[PDB]
Amino acid sequence: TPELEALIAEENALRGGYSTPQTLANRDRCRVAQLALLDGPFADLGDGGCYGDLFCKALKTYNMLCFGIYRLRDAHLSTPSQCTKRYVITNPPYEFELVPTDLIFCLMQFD
Amino acid sequence: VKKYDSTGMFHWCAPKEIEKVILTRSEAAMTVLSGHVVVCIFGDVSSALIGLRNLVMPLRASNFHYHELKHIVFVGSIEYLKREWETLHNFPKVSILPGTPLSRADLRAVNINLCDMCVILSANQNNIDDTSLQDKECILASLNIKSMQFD
Amino acid sequence: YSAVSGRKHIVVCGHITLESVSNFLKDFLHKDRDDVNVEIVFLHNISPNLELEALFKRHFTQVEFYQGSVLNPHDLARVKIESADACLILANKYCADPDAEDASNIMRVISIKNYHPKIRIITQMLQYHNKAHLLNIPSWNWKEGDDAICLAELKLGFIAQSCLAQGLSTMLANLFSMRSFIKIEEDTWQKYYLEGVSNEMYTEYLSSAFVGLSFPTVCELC
Ligand SMILES: [Mg+2]
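Protein chains in written order, with UniProt numbering: chain A, 1069 to 1179; chain B, 806 to 956; chain C, 401 to 622.
None of these hints come from the bench; they were simulated from the model.
Hints may be right or wrong, so weigh each one.
[As the list claims (entries may be wrong)] Heads up, incomplete: computed chain B residues facing chain C, CB under 8 Å, no partners named:
1) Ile933
2) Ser937
3) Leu938
4) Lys941
5) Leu945
6) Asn949
7) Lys951
8) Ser952
Backbone N, C-alpha and C fix where the C-beta goes; we use that ideal spot for every residue, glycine too.
Whole structure, please, built from the sequences with the hints as guidance.
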């Protein structure tokens, strides 16, 4: 933020301060986090496989923005294995199929 | 009490140890300096020694009333200044603040916006043979003061 | 150079070499962008070699070269910098000593700003503390477009963010390399990843219909 930009020019460091109600209002920023579909409110959709449905539901319910899938490498093979490497899929189309062993990036709210 | 010089040519005082004039950033804030002269140097250990006596001496001449003198404040590396401190100890009204001239906080700690002059010097200008990088420090430091903002 | 009415142009100077120029041009003139009509005018004080000359010949209609030094006001007038829309600077990432590179780049910035105080500059920096010096130049207005890219800061930040959630570094880094869609029919992991990588990021003003609505509502319905 510009306030940090200006202050960092003067001292090139940071100074401890005192909390004020207006200052504490700056602690409201969305952060990055990962979710698991194995359990939770979305465990029902883990096998359903409709990316869009989760997207609309998540945003309306918790104001969560989900924009990626971090899928197991060999989840698309009929034969089983035990490799636990995963790759990234960015902005999947609306009609995408899901599996319970999937992780999705999200943007948490604050508190 | 000895006030002038042996030859009756300059103001004189008893020698003083170096620690009695070193100031800190907070400490210099309380002191109010007006119409003074601030001098910035870029020396350090193992560098050519410019003779600062020739600079301070004309300021502290005779035919100047004691109240008419100009306060002098150095800004730079304390290691460099200690090498030539003995030559300048006899001169009155001299103060040293350790710091870097690029640090915009220091130039605010001393009231640079109320000054009569601001000298900038270099030390290792002969040592470096890189023409492009020669005088980078003095050029950059001068521009810094240009962009300063005051209330 | 001879300015052509009704057409912008930019000026590129710094560490000009074969691979750097090839990468920059390939990324710049990609088809996924909108229609573009900007000429690129390089500026260097070393005569190019045969490979580089061949590259310029290949991009004949939209690249021009001029030998000179960026520290000379005559050269700066030669490449017509007053009407130039922006000026770029490229840095040598694999240098032996980082500090010398930063000093050279700062000197270049000072010279350009001296010749003209309103141009827009984009640069690269190798260390964070050196970036602080650019805030002291009198005409470095970062509120408008004047951007310094600190490689070290961005790299460490990407890694640190990856600590919270893995894969974030890759997912972000693929949003800035303009790539066209690639289709592969055999079923492996690479297929979906290649479908994903084709995306990029764009900015645009909103339509008037969304003025009064709420942010989640407009994030939906789009
Ligand atoms: Mg042409």
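Hint check, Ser937(B) versus chain C [nearest Cβ-Cβ separation less than 8 Å]: 6 Å, holds
Given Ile933(B) was flagged as interface, is its beta-carbon under 8 Å from a beta-carbon of chain C? 11 Å, violated
Have a go at the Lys951(B) hint: is there a Cβ in chain C nearer than 8 Å to its own Cβ? Constraint on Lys951(B) satisfied, holds at 5 Å.
Under 8 Å is the threshold here; is the Cβ of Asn949(B) close enough to any Cβ of chain C for the hint to stand? 4 Å, holds
Would the hint on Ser952(B) stand, with a C-beta cut-off of 8 Å toward chain C? Holds: closest Cβ of chain C sits about 4 Å from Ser952(B), inside 8 Å.
Can the hint on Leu945(B) be confirmed by a CB-to-CB distance to chain C that is less than 8 Å? 7 Å, holds
Does the interface hint hold: is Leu938(B) within less than 8 Å of chain C, judged Cβ to Cβ? Check passed: Cβ of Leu938(B) comes within 6 Å of chain C, closer than 8 Å.
Given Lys941(B) was flagged as interface, is its beta-carbon under 8 Å from a beta-carbon of chain C? 6 Å, holds
Going through the hint list in order, the structure does not satisfy hint 1, though it satisfies all others.
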